[PDB]
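Q: Based on the sequences and whatever the hints tell you, model everything.
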Amino acid sequence: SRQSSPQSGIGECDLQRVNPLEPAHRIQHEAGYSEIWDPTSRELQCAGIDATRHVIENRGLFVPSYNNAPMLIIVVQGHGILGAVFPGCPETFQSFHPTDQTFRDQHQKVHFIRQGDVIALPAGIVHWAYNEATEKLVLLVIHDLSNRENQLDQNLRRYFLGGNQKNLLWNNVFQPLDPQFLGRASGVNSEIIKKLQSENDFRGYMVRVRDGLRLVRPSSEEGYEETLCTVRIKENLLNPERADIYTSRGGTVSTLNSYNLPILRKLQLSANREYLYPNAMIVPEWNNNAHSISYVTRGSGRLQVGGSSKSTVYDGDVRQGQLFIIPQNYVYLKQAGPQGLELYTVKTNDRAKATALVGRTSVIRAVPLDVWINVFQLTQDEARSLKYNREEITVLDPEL
Amino acid sequence: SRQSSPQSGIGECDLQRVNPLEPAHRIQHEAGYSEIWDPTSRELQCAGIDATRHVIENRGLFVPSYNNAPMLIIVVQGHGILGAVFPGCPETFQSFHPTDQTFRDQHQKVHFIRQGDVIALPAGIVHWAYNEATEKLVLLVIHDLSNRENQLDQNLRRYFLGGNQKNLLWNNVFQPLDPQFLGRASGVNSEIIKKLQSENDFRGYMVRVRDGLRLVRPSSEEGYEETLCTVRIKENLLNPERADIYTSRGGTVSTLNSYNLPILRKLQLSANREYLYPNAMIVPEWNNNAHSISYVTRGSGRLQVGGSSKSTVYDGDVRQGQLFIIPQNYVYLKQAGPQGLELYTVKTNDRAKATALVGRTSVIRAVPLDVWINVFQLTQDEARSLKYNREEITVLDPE
Amino acid sequence: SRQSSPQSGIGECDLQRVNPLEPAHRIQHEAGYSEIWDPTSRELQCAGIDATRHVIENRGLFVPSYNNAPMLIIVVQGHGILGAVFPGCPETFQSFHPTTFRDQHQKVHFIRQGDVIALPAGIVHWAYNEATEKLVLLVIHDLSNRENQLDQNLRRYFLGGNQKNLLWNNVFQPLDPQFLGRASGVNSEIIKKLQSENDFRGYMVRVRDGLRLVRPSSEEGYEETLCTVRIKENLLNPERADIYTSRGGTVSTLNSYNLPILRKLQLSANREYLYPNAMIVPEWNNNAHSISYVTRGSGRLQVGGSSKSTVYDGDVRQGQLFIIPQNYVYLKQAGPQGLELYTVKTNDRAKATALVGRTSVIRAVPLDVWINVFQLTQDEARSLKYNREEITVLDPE
Amino acid sequence: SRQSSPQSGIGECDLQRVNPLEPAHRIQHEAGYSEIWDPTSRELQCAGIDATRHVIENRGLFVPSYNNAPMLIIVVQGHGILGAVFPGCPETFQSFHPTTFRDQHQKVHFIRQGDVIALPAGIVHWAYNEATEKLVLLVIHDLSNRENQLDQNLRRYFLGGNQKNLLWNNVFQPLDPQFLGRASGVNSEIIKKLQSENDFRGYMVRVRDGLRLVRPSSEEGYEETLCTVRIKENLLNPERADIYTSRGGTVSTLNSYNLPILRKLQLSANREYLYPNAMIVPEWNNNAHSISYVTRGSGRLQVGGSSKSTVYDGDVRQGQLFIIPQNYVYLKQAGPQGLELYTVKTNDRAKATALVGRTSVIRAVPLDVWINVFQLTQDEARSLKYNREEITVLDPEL
Amino acid sequence: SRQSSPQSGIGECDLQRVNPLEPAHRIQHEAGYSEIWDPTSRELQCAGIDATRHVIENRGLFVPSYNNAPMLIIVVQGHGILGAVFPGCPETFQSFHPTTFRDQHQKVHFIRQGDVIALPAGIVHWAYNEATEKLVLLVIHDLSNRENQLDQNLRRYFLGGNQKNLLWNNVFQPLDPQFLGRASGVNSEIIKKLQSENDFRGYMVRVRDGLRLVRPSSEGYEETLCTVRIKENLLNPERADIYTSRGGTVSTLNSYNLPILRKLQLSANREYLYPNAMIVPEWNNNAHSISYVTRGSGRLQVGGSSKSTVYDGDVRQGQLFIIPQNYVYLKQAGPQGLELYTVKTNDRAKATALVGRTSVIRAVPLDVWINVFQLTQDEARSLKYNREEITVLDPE
Ligand SMILES: O=C(O)Cc1c[nH]c2ccccc12
Ligand SMILES: O=C(O)Cc1c[nH]c2ccccc12
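Residue numbers (the numbering used here), protein chains in the order written: chain V, 1 to 400; chain C, 1 to 399; chain F, 1 to 397; chain E, 1 to 398; chain Z, 1 to 396.
Just so you know, nobody snuck in bad clues.
Computed cross-link-like contacts, DSBU-like style, restricted to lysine-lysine with a CA-CA straight-line distance of at most 35 Å:
(1) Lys264/E - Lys266/C
(2) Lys385/E - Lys351/E
(3) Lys351/F - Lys351/E
(4) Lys266/C - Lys264/F
(5) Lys351/E - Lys264/F
(6) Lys263/Z - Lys351/F
(7) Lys310/V - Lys264/F
(8) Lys264/F - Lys263/Z
(9) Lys308/F - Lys194/C
(10) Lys351/E - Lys266/V
(11) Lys166/C - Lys308/F
(12) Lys192/F - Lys134/F
(13) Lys351/E - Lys263/Z
(14) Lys136/C - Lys266/C
(15) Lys307/Z - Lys192/E
(16) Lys266/C - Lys351/F
(17) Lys351/F - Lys266/V
(18) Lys307/Z - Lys264/E
(19) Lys266/V - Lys264/F
(20) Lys263/Z - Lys266/C
(21) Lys307/Z - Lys134/E
(22) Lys310/V - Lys134/F
Because the hints were derived from the structure by calculation, they are not lab data.
A: This is the structure we're talking about:
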């Protein structure tokens, strides 16, 4: 129901330690593989999320599926096509030729995805993906299990329209049905339905399309179908020109919330891309209204996290390919190593905001100097230095 | 609190089986009876609902009560009068005559209910019902326990203003109170209060009104009181003319959501009525954003449900009087038997939507042909058959 | 996550007993103390709240902190200053002389007895007692609030402080002073002072010569809107009454039609003042739990629940907290000194349903329903409707 | 544009007189007629409305059309079929047999006396009368609505029709038949039929053989939500009453707490039924103009405005329209045959303020204010507050 | 005030004719020029809009200004940098070296051909051309918008500038320099530079060796409301929302795409038609349409309230045309195709089709049209079904 809770330490988010995490299981398909982070880790259970890394080979088709939880998809590498189906919307990508005959077809709009895209999809919505590039298409999918859109319980379901094998709730939805019953409903013979059920077809859930996928797509140009049915699903965060915060020699923050992408308001999710130059820092801070789930796409650095105890919750490296969860209100500091550091972060609220302890937007600045003089037993000059020594907002220059 | 959960990889809604459910327990009153579905069934626990079927006889008055959860009430049979009390609104049903005398009275608006009506009531609202007719008035009540309006825990409370019993949380709220204390508050003798407590009453919670209930109701015509206090509480779904989908020879769907009945937006519920002619079907589909709770009011059919396992969750018949629950995102197929099939369904969201696997609105059409060719290993002809063979939306013609 | 439940059919709110509660644990600081109600009590876990009574001595400073749950704060006694920081807003209380009165900071709030202050989760707040009498704050944290995505336990995360299972901590302590120093651009020895290790004054510190801040003197863009949100309203003046019955008393309600921030927080409050022997009509809360604190006097409280047996029937008095869950019927009568209560309710626009008086459910139902249900005569059923002509506050005559 | 104003204090609503009005022009069609109230009357200009009475005879089809202003349609008499088209919604009334009963189209609505129907600007609608008695539609268009970005004049754009300054036109006529034919994929002589070349039936045509529609038979995605929006509600049954005073009569209110589309449209309505000699309490509309149509009976209406002299004190009777602007005080009493009124108000959640009865402003103000303002005794002031125990509808024998 | 009306049965939008329009006036600057469409034209007064085309030369800086009306800006050609200031937001583009490379300013936006930028009334904005080719901005100001509480005329208030009936002014000129200097803490000689009264470069100035900005390069509320996206690019055929092979595309821009459009009550689209392709005949059900032809040409027919066509003729590159709410229209591309950018005066503006799968013809029962138009049943089926496209028609 709407009223759920995780499987399970005075409480499920009273974590004494957090660690960067790697995937715990790999599923092979014909045309790629899926790596799953352990859904039972305390970090993931506290954050209410699942995390998956799909790796789709060249000419690989990821079988359409729907989930019980909304998600953000980060395109980590590659480029391709994503489909998303809005039920009751007309098919507006149309070709009435020929009369390669598979070019005669009508379907819903398809989306051209590329590295740096963050794609937002509701629960219940069918989606699929196809890699048209030579390099692998790598999708990092964060499913928000605790979202109001999931009325089941705090476990991910993946319901596929097709597929078969080459504790997970992952299934071809046509399999548990009577093919004759489904056949009569669809107006097709039950042997067509047996092909939907994928009997004797063990390619997994990403299949190779040998000669390339044929679809209706716009060529070079050298009612509600216009509004609701056209909702923007993604935005690219990769261009440094898309930065919202920029400190020269320090790096960028590129935020993605419902002031940018409208569907995020319904989904109650946000994201960001942070790029740090070598040795640069993000100001120490906490998330005031959200958990943060970060994936390191490039580089490395040091992360320190503080919680409820006098002892540190984590103090160590993060590096490429790792995920890390920072719960709401835990304090954290990041510094890039010598190669820089690039992260994408999903946050469990729309309009997720952080509170800084350093810089022009700091809580230290906002409090009277004499409060800090008394609390910290500082002199006036020591407390001024605390307020004003860093003049940056959010992104710290390693050279100050 | 707001943060609750039921009694129940594995999860409370990870169901490998569902079955049609009949009531598990009957409570007999003087002027009718109440049948309760087992609240501990896995289906009900997952969907976060209770279900009750109240049968109110001729000249039967169902004692006023309030609950901790909002509800939809389906009028399965009969007709009668329903009261619902909005606190802080004035009494706008008014008679100043005479000077028999109980006709001199003021009370809030009463509602004239009939078969096919679906009535929506928030948590905490006092309501009551009466049957004027000779046929029984049958109300199917679906309480949404996981609703935000319920801050207590995932169990139904029934708090009656009167009544007496001769674990269910069903109680006459006056009984625990000190009658002297309540009488001093109310300005009445503590013996009137002991009549409110009804400690020696054997009639239960539906009482006979031998000579018929008298109230202030409009006669033949042959400020905030106009707006908030007037909120509409019901809509009738029975007329085929109220259909939103109609397929000749197949049947109708009549949907009830917040574009139809404004109070549903606040309650986060919606409802529909499906009528299938013999052997007709509703397209195979799943609910995107809600659980479904269906009650068979006439006829019979076959239902198949799929879930997360390669094996079916249910494949069998459904029959008049049975309740069945389909959780969010489970796929289901329905076909009417040889007498047709009528269902009313409550869904656990505002503007609940289904996604079809067949027909013009199908997800199959929406996806490029070549994806299906590749995924299912179909020919181009077979893929096109799959897209276009059924030209219906939602309700399938058996011919 | 967003989907949680307390450590608590036998639901967490199926309470066969309630009773008025006093705090169970006290924490001593240099400049006052903190009294905590037992967070494990069935009543508190049902209501989804934590309750704290902070007592701040003269010249005492309550170290800044933030929590995982929104709160209402009732100023039971005294007066003082309250800070609340909105991240990303500029410092608009400014002094540029001399060139610690040279400072810029956020707007500070002047608080006094009768104020109800509303703060979201995650916001840094602090408080200072200006007056000679103790400043007494009753804080109700709403743990089950949507703003709390962690679990159903309060975190108090302090910016400073140290000792003079609770999740109460100086957030600087678990960070590396050299790492935090580099980010802050200060020496690590300054960071060690933030960590307060060697400083054991607790979380309320004495300010010998009085706190110096930027405050407005006598006058004898987004900074103007979002950043200037109202955070409190005073409920004490009988003139702020919304319901008044002469010889009876007042109810002074605080909801989002009064204080806008309450809409986002999903909380409201009220102050009830009853003259000796007066009553609030019997009723139930139709969309909220109520958490009441008795600030003055005493009275009788009866609560009814799901059983034939009363859930409570007895005295309430000064200093006690009582919880009435959603839908439970209750009646209150003031004793011979009167009765003052402040109450917090777990909803935006919390509403009660009356069983007595001009807004009663009894009036709204047809007379012949009550005739038949209760086996009353017509005169008796009219008595029941009409004998009390008051709304909400009953006149002891 | 959005920023408009009428052709014509003394501002446009500083009205020294209001009168009940009758229609000023009749347009004859083949299969009925349309009666139009004078759009230049000061009352209609003030209220920002256009009022039309359409009379559709048996087997009369009112040609589909759309307007630049939203409307409330009151079914004064008869019953029939109404269609409204939501663009981009699928056709969910479907018949696949035989292999003009084989058709798909959008939902059609079965309309009857007492129905109030709400339609936005720009939506195509049409109606058909299958019954013996004439189908009588009173259409109130809200010209000043935000939905109308043109100017303060109604347009009536028909998809068909031709004559049997009003802006009333068959929209196909100003198009080039070759160009339109190419676009539609039909021969340009089919297009000439669309232009209703040589067809002079007006805008209600007779259906010689009766209309063949796909309509639900007896039962003895977005298409389910947005595309299903409720367009109407019946107000006629005394059981639907929101306010009832025995021997006095009823008020049945229609606003966005009842019919959700009204929120978007910023309109509301009500039906008032008064037994002989009964009254509606004197009052004013605090946030809307009122546009009332008398469907049955007769009565006395008095209106007060900004001057010492009454704005109107006189009879109203069946078939008359009367406009009461925002904040003008009014009182109504039924005649010896009772009085039935349907009223449109220019706001979502239109409310009135009562000078008499339990909801009155008199009750809300301290007694001593009225003692001092009116120079009454304490007893006279209590009489004023309390002599009428009714809310809104007054008992002629209280 | 909020209650206004344009300068001058009969009504301001009862148009018997519409025409494609070109600018009526050209204002030269040092580093570009501005072309203004006649604001008294019946079409523009009906639609409640002004239209301007600014052409900015290489290394030209368009002086910052603010207006009383919200606008959509179409980047017709070129690329550059646009600034927009949100008052009360912090400067988050920051350089602290050397110790004018050392500066802090608000975010700057990299604009390019195909971008549609949305700006509220009252917001200071400015633009600079990075490239060799001219930067060409087509600006549609929505005068009738609720954001304009003044009256139905555009004001252009510049922070600088001076000449090289329009309400176009350097806001510092009417101020006393001593008084403004005292407030600003600067000498009155700086304020006289602000006033620019002996500067004859106009409102677009040449920046000799490039503008020095803090901008990214080799790779609280400040993160939310201060970040609001102001633009979306419509040029890529892949951004298309409606696509008919051999016909063209429609790429729509409304508040389900770009959140700020909800507050502004505006939307836009780009239409690209292959040679001889059509958009289905239709009307705008809830807005006026203001179309600018960026490429190519075509035939446009418009119908209104009479039996006489309102317009039937060609539209060509560089021309603006207005279709009021509810007027019916048909468009066909000429032999080079047609590209249009359109601004519509509503949030979530929608059109109704007379042809194709979404048509009103399909939604109405067959027998209604059989009776209205005196068609055979086969004719009326042809009328519903002969075009199976939605919105964009295949010329074959
Ligand atoms: O109306 C039609 O003929 C096509 C159409 C419009 N909206 C639709 C949604 C789903 C499937 C088809 C359609
Ligand atoms: O812009 C500035 O220079 C100051 C400023 C404006 N808004 C702010 C928000 C937080 C901190 C500083 C500022």
